[PDB]
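One-letter residues, chain by chain:
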Amino acid sequence: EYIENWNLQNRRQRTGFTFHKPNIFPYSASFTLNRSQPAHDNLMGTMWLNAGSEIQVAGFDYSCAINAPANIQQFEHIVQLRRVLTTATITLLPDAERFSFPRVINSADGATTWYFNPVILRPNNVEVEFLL
Amino acid sequence: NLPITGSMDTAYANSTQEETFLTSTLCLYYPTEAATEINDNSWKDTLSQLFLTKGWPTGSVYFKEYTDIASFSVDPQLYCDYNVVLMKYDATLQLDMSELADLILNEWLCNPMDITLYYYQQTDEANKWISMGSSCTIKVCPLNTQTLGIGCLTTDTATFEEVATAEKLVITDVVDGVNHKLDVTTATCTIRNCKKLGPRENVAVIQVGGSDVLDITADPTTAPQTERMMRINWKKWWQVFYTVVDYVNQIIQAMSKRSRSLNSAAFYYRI
Amino acid sequence: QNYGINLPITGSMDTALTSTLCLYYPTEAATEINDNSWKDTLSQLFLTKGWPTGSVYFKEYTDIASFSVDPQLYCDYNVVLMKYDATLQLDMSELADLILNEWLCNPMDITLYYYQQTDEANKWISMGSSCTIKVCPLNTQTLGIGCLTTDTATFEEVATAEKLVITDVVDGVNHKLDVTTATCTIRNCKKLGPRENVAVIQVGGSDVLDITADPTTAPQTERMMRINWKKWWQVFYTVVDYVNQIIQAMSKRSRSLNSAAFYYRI
Amino acid sequence: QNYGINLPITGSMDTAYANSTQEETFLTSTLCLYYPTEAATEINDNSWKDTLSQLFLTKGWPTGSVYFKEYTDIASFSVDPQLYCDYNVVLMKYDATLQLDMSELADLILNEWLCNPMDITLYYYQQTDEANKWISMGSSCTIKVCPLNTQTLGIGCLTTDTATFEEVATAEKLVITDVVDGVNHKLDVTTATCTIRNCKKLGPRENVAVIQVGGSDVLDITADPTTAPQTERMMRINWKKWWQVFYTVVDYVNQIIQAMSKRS
Amino acid sequence: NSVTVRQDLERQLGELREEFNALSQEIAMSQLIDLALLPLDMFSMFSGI
Amino acid sequence: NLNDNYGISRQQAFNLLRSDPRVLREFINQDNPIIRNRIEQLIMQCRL
Ligand SMILES: *[C@@H]1O[C@H](CO)[C@@H](O)[C@H](O)[C@H]1NC(C)=O
Ligand SMILES: *[C@@H]1O[C@H](CO)[C@@H](O)[C@H](O)[C@H]1NC(C)=O
Ligand SMILES: [Ca+2]
Ligand SMILES: [Ca+2]
Ligand SMILES: [Ca+2]
Ligand SMILES: [Ca+2]
Ligand SMILES: [Ca+2]
Ligand SMILES: [Ca+2]
Ligand SMILES: [Ca+2]
Ligand SMILES: [Ca+2]
Ligand SMILES: [Ca+2]
Ligand SMILES: [Ca+2]
Ligand SMILES: [Ca+2]
Ligand SMILES: [Ca+2]
Ligand SMILES: [Cl-]
Ligand SMILES: [Zn+2]
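Protein chains in written order, with PDB author numbering: chain A, 134 to 265; chain B, 56 to 326; chain C, 51 to 66, 77 to 326; chain D, 51 to 314; chain E, 486 to 534; chain F, 729 to 776.
Extracted from the complex, chain A is given alone in its bound form:
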């Protein structure tokens, strides 16, 4: 396969490599707080892990969207692949086990730590879009 793709590249033909669980997402465990306070007691945001071929994301609202416009809080995660993947088979599941247990998370600047105490509700209006 590799010499075949080498020859195709040398001839300037279209190449192709099949990957089982491609290592396409660089490791990044991060979060974004769209609503925050110094005391970090009413937080709205989303935390994610993009590792290997896996993307776990979890949007959290501390108020449970009580004061939201339609009692609905919208969460969005955009992950940009560094190369174009084709003929990809993916498994999508409705819960992120990584961010489903209580934890203590440093602040963005590391100045302090906040508390996360998830209670998991099913995600609503799930939409996954693959863009080129």
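Derived by calculation from the structure, the hints in this document are not laboratory data. Just so it is clear, CB atoms sit at the ideal spot from N, CA and C, and this is done for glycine as well. Since no wrong hints were added, every one of them can be taken at face value.
From the derived model, a few chain E residues whose C-beta atoms are all more than 10 Å from chain B:
#1 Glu504
#2 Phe528
#3 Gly533
Within a straight-line C-alpha distance of at most 25 Å, the following computed BS3-like cross-link-like pairs (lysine-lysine) qualify:
#4 B:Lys291 - B:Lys143
#5 B:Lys290 - D:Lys250
#6 D:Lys290 - C:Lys143
#7 B:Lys250 - C:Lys291
#8 B:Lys143 - C:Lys143
#9 C:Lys250 - D:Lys109
#10 D:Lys99 - D:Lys143
#11 C:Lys119 - C:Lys143
#12 D:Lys250 - B:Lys291
#13 B:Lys143 - C:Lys291
#14 C:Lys290 - B:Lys250
#15 C:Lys250 - D:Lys290
#16 C:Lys290 - B:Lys143
#17 C:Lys143 - D:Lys143
#18 D:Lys143 - B:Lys290
#19 C:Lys99 - C:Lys312
#20 B:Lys109 - B:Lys312
#21 B:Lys143 - D:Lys143
#22 C:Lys291 - C:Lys143
#23 D:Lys143 - B:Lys291
#24 D:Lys250 - B:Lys109
#25 D:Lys119 - D:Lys109
#26 B:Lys291 - B:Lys109
#27 B:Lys119 - B:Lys143
#28 B:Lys109 - B:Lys119
#29 C:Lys99 - C:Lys291
#30 D:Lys119 - D:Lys143
For this one, chain A is given, so just place chains B, C, D, E and F with the ligands on it according to the hints.
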């Protein structure tokens, strides 16, 4: 307010406790009986030196005295960056102390209520009527669409429903969406339509004696004890002040900077 | 239903007479209000919250002791405003224990038969004008321990002039019972579970209720509220305004055919 | 096993649960019940201890194990409380005017303390950390303290003039004193009727449970204002007759014991 | 002739929003779209109340 | 999502682009999960 993206791999920064102790002020509010029982004119300086041993620079700790819970409740002005209110427990004043806590443990956005010409109503659960003064005797008359009263006559205050009598502070909660006619002694009272925005993180209340009775939320289904509501048993006030001084780091840990941008007029004791 | 009670209920995680309210308040509340039309005002204020006209009902009781004499729960939802008295704590608890839970009670003929409590769910609930329960535990030979089966003066007294009392004795032990059967009646009751259609709002005081005989637990359920008070009008206004939250803590699926606080079986 | 902080103990998450040991521990353990004199007064029977022992025997305990110790009241009981049973249950009557004392008593018997003598006449004393307290016990414990600065001179007090000292205890039977750490203190106590000890709170005392009879949750066994933990060994009951209290203690003895750990 | 009859209070609007949102799940889609083509005028909308 | 998973006709695409109610009802009655989901979202956005 902007999104704050952070990395879960970031390293913890060193303890900022010393820096905040150096660059902030602490206010201690105690009843007059505390100073009476202590019976020492230099006790302020003694506590200041003890706090300096704890780290607070001399002059950053301010000691303020109030006659009692009822008197303190009349427009409680909290000056310092960090405020600790030592509130003596009295089984007869469970509501009043609670009201005081509700007033100082939460942020309130208030506007004047000109009752004598206008008809007022509460729009949501966060809306209350905070009345403060020397004597707040509030009577309420619920109304209907035809402007008539329910079990009350708008022209006869004697039929108005009594909700408060001779109160230094009272938080009135009525049924939302209903207009009410209000009759309160404006000479010795001022009533404001207020919305609670959220917790006031720079104010902690230490209940000296008793049991956990504070209810800072009008909702009967919730009686939450936040980390800013402490409760200590006592027999001597010197012991109370010693335990406040010794665990100052713990008390401030339970508190956060105010973070609210105000519009009201209040002096502050800041460094 | 009964033929499908022991059947599973499968649900997917990815899938997405009307009610009547009864308000039980102490008579001192109505005395403090001093108005003879307050019921109509509260009914209309409730109607603001969505309760039709003839749905809310207001039931008056003299005090905790009198109300405890065979209490009756009439409406779909039963919110009981109980005034707190530091001297009546146990009684309050007893009332809550008898009101916030479902009981199954059988007649007790103390004069002819000894009685024992089988398990932790078994209690002896007695109600009436005045109960004086005296207990004499026996042994395998049916001789009293620290008591004489013939001499009732040696019996150990566990209740005196009680309008309601829930007695818990050592399980697996037979007891000879002396009860003032003339003025009050006793029954062997079993606690089935929570009674979800009754909530208790303690007006004033602190959290002191203990609806479980076990000393190691004092659970405060969502149906046990507490409010500080100065004026009963404020109490009723906060009850009306947050009726949504109060009903949320309750379930309409515990209203028996009869209003009694316990199922009775012969 | 014992108290293996020194050495590791490795266990699998598949080892089958052993049978119930409740009967075995009841057979090979002693139980002490500490009740006030009011309970004995209201229970006029002179053989009530025997009846309680028999009722416990119905629940498994052998007829040599259940013991009943009587104390006049909380203040008197607080003077060096000795608990010598494998399982200790203290029925503590509630009075709103003695809350702190109640707490202090609980704080002394619900926790393990490592105490050293104190010679207030000979040395100055300071509390090193939050676990360090000064426990004074005796007939009447009057403790006054004068904090000292780095120059050994008192602060708001004269080391020579005890009248200027700051008073932290008066006529107490038991008191836990907590002063600002890192500050030397000149102490003045009634050594004739008071013994003061420099103690460290090692941890909970797991074989002692306090059943508060009537009242509300007022115990605060932690000097820290920000914490008022209610451990599973701090029970509360409602009462109108002491016989019912004792019957409740007997019937749910298994639940009371499982809330406690045997003596080490 | 009597003391003027009092028109009782109707409902606080939050309750109404709750009720309408709860009704929102009772709607059939084909029939909803079929209704959404009839030009509801004043008469049509205010006759069925 | 429709035109990929459901290869839709030229006329059906013409109608769907211009919000023709006929095609909408034919797809809804067809039990088409995609259009039914979209219409359910639109209905659920009708909130006071
Ligand atoms: C933080 O503390 C560490 C260890 O005490 C010390 O090495 C360092 O200089 C301190 N300051 C910073 C900015 O890391
Ligand atoms: C433990 O319990 C089981 C089942 O009740 C019984 O068969 C067995 O004899 C008991 N004892 C031991 C030592 O396993
Ligand atoms: Ca007040
Ligand atoms: Ca009236
Ligand atoms: Ca209101
Ligand atoms: Ca509340
Ligand atoms: Ca009773
Ligand atoms: Ca006897
Ligand atoms: Ca029993
Ligand atoms: Ca209990
Ligand atoms: Ca003491
Ligand atoms: Ca002095
Ligand atoms: Ca100390
Ligand atoms: Ca504490
Ligand atoms: Cl794999
Ligand atoms: Zn942050």
